[PDB]
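Chemist: What follows is the residue order along each chain.
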Amino acid sequence: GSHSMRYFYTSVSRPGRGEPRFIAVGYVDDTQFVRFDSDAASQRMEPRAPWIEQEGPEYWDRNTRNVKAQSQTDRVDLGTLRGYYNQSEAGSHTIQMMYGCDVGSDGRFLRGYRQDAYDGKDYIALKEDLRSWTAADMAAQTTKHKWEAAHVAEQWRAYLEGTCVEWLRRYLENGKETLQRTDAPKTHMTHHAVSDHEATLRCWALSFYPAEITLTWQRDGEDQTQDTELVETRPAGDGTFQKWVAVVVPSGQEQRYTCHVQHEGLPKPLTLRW
Amino acid sequence: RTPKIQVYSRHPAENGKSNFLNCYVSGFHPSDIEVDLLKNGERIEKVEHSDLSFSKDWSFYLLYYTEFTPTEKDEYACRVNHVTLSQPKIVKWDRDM
Amino acid sequence: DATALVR
Ligand SMILES: [Mg+2]
Ligand SMILES: [Mg+2]
Ligand SMILES: [Mg+2]
Numbered sequence: 001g002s003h004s005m006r007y008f009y010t011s012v013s014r015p016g017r018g019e020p021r022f023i024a025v026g027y028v029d030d031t032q033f034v035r036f037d038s039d040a041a042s043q044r045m046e047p048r049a050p051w052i053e054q055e056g057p058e059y060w061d062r063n064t065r066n067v068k069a070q071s072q073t074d075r076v077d078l079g080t081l082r083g084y085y086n087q088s089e090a091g092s093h094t095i096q097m098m099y100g101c102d103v104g105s106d107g108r109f110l111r112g113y114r115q116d117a118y119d120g121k122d123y124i125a126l127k128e129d130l131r132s133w134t135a136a137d138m139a140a141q142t143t144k145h146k147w148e149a150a151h152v153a154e155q156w157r158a159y160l161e162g163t164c165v166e167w168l169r170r171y172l173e174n175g176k177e178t179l180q181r182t183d184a185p186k187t188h189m190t191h192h193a194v195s196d197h198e199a200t201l202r203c204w205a206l207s208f209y210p211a212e213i214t215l216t217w218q219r220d221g222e223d224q225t226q227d228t229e230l231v232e233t234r235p236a237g238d239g240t241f242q243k244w245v246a247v248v249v250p251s252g253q254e255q256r257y258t259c260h261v262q263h264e265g266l267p268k269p270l271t272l273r274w
Numbered sequence: 003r004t005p006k007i008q009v010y011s012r013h014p015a016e017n018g019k020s021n022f023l024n025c026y027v028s029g030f031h032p033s034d035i036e037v038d039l040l041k042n043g044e045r046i047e048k049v050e051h052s053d054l055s056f057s058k059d060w061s062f063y064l065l066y067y068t069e070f071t072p073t074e075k076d077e078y079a080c081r082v083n084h085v086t087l088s089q090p091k092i093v094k095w096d097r098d099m
Numbered sequence: 001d002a003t009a010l011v012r
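Protein chains in written order, with the entry's author numbering: chain A, 1 to 274; chain B, 3 to 99; chain C, 1 to 3, 9 to 12.
Simulated from the structure, these hints should not be mistaken for laboratory data.
Fair warning: there could be bad hints in the mix.
[As the list claims (entries may be wrong)] Derived BS3-like pairs: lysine-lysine, alpha-carbon spacing no greater than 30 Å straight-line: (1) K68/A x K58/B; (2) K146/A x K94/B; (3) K186/A x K94/B; (4) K58/B x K127/A; (5) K19/B x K121/A; (6) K186/A x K19/B; (7) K186/A x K6/B; (8) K121/A x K58/B; (9) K58/B x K144/A; (10) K176/A x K6/B.
Could you build the full structure based on these sequences and the hints that come with them?
Modeler: Here it is as structure tokens:
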């Protein structure tokens with residue numbers, strides 16, 4: 001259906017020696033497709049999906065210059081922000097930034113975003129209108145006043161509504177074999193006695209894509225929230241995801257409980273029973 | 003902002019069959035973190051990890067992984083240290099989770 | 001395709 005492209009940048013200062021560590025990752029939906037790591041040997045933006053490997057040498061040169069430029073801007077900003085927050089030169093600090101766009105089923109622009117954080121707290125974010133800034137505190141307010149005067153939001157709006165969506169459309173086309181394919185969860189239930197009179201039922205969803213899923217238990221056709229445990233969705237390490245939900249039940253009453261699985265890859269929600 | 007930890011196998015475990023042991027660390031800040039995979043209390047050498055990324059609330063996540071063969075006797079675990087933790091946190095691998 | 010002023 002709808003799709004997204006997102007870049008995640010992290011800069012971490014190294015007060016003991018040298019320049020900050022800079023890491024950049026790009027995603028299309030739940031698929032990582034590019035990376036840059038200032039500690040890696042290449043000093044280049046690298047491919048991480050087969051469908052991007054086809055891009056010309058100019059694509060790789062431009063992407064490399066862009067992330068190396070941001071890494072230097074982040075290094076300057078770490079110094080500026082240390083001053084804003086009246087911090088010492090001895091501690092390690094972090095700047096993170098995420099930006100991207102969402103397109104609908106027809107490829108049209110839906111939403112754009114560009115937000116950043118200092119030491120894991122919101123600093124400055126482009127509002128949904130892509131015209132103005134939300135500053136979380138007085139240090140971010142100093143940045144907002146400088147950026148309001150310098151057409152910064154206009155440049156982000158032009159990129160998010162243009163370049164961002166055009167490249168996302170190309171990636172979705174080139175990587176359609178995987179990016180536009182859903183992997184339905186492979187589901188199964190396991191049984192684990194907790195005593196001679198109680199047992200845990202655990203409903204598994206494996207090897208699915210995209211990561212969004214809903215796993216719920218019902219007892220006699222109504223939602224069961226008591227005695228349940230739902231783990232956070234986790235990566236399998238092969239590009240797919242995993243999740244399980246469990247409930248403790250009295251032995252002999254297992255048939256009252258049904259697990260319900262909702263995923264984009266399933267035309268109709270799935271129902272499992274022990 | 004302490005790390006949340008899940009230790010699990012890529013594939014449903016079968017004793018004697020090659021698989022991948024995963025340690026998913028998430029919800030933590032700052033990004034500096036020590037993650038080791040253990041076999042019978044000892045650090046496994048050939049451990050790789052994912053490229054640093056983060057969630058909406060800015061908390062970081064990483065996947066550490068290595069190939070392994072589950073068996074009847076071998077005990078596997080993940081050992082995590084981070085600035086928010088007083089001592090290293092050890093989470094044992096249980097094939098049922 | 002990746003893409009900015011100083012803070
Ligand atoms: Mg049965
Ligand atoms: Mg998130
Ligand atoms: Mg064995």
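Chemist: Could you run down the list of hints and mark each one as holding or not?
Modeler: So, going through the hints one by one against the coordinates:
| no. | hint | in the structure |
| --- | --- | --- |
| 1 | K68/A x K58/B | holds, 24 Å |
| 2 | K146/A x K94/B | violated, 51 Å |
| 3 | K186/A x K94/B | holds, 25 Å |
| 4 | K58/B x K127/A | holds, 15 Å |
| 5 | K19/B x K121/A | violated, 44 Å |
| 6 | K186/A x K19/B | holds, 20 Å |
| 7 | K186/A x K6/B | holds, 25 Å |
| 8 | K121/A x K58/B | holds, 11 Å |
| 9 | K58/B x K144/A | holds, 21 Å |
| 10 | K176/A x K6/B | violated, 34 Å |
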